[PDB]
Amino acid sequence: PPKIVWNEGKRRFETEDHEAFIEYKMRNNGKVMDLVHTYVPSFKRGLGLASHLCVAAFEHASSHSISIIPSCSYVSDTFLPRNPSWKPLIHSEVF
């Protein structure tokens, strides 16, 4: 898979070239990660990056016992339905 890094200073997981990313906001004393925006430029489409970015964010949340708000339409409309094994990470009140 493509190398994804965690850029805390920009609240994002991103490709190493910074061009594709998923941004988040932390809430509730660091217990909830709101995935607010996934961005893949058109020239980087077709590489699975949106999904790889989501996996990186979900793995981070899972490892840290953080729940997720899937605010981003990619996360909610595409990633989660296609990857339902990640659904338990979603804050229960979201769904």
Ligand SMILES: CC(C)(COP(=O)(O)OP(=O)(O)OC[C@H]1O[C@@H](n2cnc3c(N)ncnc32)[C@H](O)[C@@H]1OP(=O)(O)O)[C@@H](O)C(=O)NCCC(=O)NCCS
Contents of the next structure:
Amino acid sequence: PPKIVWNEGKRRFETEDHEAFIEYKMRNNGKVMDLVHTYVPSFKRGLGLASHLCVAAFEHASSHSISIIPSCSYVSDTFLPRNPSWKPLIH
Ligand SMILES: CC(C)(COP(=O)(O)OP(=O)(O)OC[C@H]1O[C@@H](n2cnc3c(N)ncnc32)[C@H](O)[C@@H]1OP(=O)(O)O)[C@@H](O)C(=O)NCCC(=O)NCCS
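Please give the corresponding structure for the form solved in complex with coenzyme A, as opposed to the form solved without coenzyme A shown earlier.
Following is the full complex, with the preceding chain placed first.
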């Protein structure tokens, strides 16, 4: 499919194996989620895993009324230009 989980205390959604993850920094007293860096290791690259990590932070922020700061350059450069319908999520 696959599967991504929320590791809240590390502040990221990540692959269950902990190796792929998108990290954020919350701001504005819980109202904003700043997506600061995303990480997929090599061998796992080019298979959409990065859109999947972004797809995990966006479905989540979206279900809680939290807007996104797209700091990570993967977010406002590849992921968002390919997923415009996520753009109204932007703070
Ligand atoms: C990029 C990251 C989100 C992992 O992504 P991923 O699962 O490989 O993303 P995918 O490979 O499926 O994405 C492919 C797309 O991401 C984009 N991308 C790659 N690096 C990027 C960057 N630094 N910033 C923005 N977008 C980028 C490419 O434009 C590519 O589109 P193209 O080949 O398809 O037409 C991120 O979590 C990471 O840490 N990457 C490290 C990547 C790296 O070190 N590459 C070294 C290449 S020498």
